[PDB]
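Just one chain follows, in the form deposited in one PDB entry, and it is written as structure tokens.
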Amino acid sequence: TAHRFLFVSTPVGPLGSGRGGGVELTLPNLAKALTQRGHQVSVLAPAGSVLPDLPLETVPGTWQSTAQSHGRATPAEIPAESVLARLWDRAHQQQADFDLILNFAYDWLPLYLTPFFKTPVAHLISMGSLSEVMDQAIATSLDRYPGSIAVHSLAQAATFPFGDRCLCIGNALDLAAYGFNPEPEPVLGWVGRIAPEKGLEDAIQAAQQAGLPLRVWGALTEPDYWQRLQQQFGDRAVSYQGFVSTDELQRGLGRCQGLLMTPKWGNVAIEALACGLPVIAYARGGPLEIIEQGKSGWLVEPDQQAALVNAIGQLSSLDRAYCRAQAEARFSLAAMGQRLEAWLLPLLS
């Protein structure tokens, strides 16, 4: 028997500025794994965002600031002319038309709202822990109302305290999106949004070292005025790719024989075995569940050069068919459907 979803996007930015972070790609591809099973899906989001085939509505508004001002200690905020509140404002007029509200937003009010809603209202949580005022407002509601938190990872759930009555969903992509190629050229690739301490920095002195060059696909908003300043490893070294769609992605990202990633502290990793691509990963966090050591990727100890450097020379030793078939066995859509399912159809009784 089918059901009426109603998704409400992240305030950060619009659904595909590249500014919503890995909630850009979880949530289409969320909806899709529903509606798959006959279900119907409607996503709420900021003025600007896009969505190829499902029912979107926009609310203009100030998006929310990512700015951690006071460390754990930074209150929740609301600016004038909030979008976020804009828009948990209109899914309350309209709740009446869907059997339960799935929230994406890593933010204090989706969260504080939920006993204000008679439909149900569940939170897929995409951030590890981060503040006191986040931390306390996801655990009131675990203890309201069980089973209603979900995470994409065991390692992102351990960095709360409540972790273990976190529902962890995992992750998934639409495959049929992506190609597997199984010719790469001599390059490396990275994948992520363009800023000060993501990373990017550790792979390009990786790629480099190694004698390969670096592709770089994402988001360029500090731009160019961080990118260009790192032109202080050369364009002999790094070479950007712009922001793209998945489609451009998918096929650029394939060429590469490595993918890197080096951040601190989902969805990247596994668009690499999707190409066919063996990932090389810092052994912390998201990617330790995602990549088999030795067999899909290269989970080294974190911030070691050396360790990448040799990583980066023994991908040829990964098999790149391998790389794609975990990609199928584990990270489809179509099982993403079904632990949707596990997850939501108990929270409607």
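In this text, the rigid core denotes the largest set of C-alpha atoms whose superposition between the two forms falls within 1.5 Å. Residue numbers count along the first chain shown, from 1. What changes on going to the form deposited in another entry:
With the core held fixed between these two forms, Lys32 has its Cα displaced by under 2 Å.
The rigid-core alignment places the CA of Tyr145 less than 2 Å apart between these two forms.
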Contents of the next structure:
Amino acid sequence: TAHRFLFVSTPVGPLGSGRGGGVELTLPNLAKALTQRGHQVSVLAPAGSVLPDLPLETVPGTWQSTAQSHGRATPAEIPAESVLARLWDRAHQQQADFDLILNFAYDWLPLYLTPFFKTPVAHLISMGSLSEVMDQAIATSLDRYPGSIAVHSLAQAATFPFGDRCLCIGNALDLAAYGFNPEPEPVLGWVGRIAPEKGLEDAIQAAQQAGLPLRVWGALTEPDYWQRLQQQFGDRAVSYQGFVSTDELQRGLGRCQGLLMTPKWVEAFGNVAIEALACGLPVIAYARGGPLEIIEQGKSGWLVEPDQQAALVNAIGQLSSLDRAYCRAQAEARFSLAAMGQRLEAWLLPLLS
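Having displayed the form deposited in one PDB entry, please output the structure of the form deposited in another entry.
Below: the lone chain, stripped of partners and molecules.
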């Protein structure tokens, strides 16, 4: 049952550098999810990539732009020195060393190339139906290779006309790196860019009105914003906890009574919610996007109406009705590498040969 996989990373940026999007966090966990079952995983990724403990080969070139120029009719683009093209030309040279190649990129090229490979190629789609050129490439790959496409959510699968023929593998997190904290301080947390248009003001005003300091984790780009926040809400409002590593983020976040999540719909990913549950921290989130699949209403968090102070404050007031051990228990059951590995095997192993 042990096999050899090659993972081909996203062209959007390096692993380990803060700017491959969500694929940057998922690729290493999925690799671990298989290496922990005895499989070999090697990784191909852009120059500058860092990844502990796995064979890693890096490839030079220009990062794929997130662009989206003319909406749904945007064509696929290949610039000179495309890192995406060179990743796939390199994967093709070495294809006979692997039983299967797993693509993490959301792009036309790898889907198109799939029949030109003798080794089977599977695709983990991380968005979002976004363009005709992409929707048609995935549909065609599905017709020739049933079972070759997976998604992380049903919501994302439903944005595609062929969504029922994609497999859902869910989300995973390296739970070993997250300590359960059953005894928090009377503080709330918020995770994200300390910048305008992130819903930070909504979190601050609801924490303060609820009577609890807000700790924040993330990147400060404009110090004048920090000052504006102080002038709006005073200097006991928000406490800067750092940009800060995974291990640092988890002991910090774990001491919170709850995590507030107030992002715009286009930034409403579920990743940080999982990290919160893993520390035993319940989540109060706007009831749209990624959190709707992570949080169990009245049990592991509260899903509230967007942009309404009273809904945040009513939720914060009811954090004590949620059991922190149940949050952790849900993370162990739903989002572990163990759970993920089994879902990967179910998906991939029928594709071998």
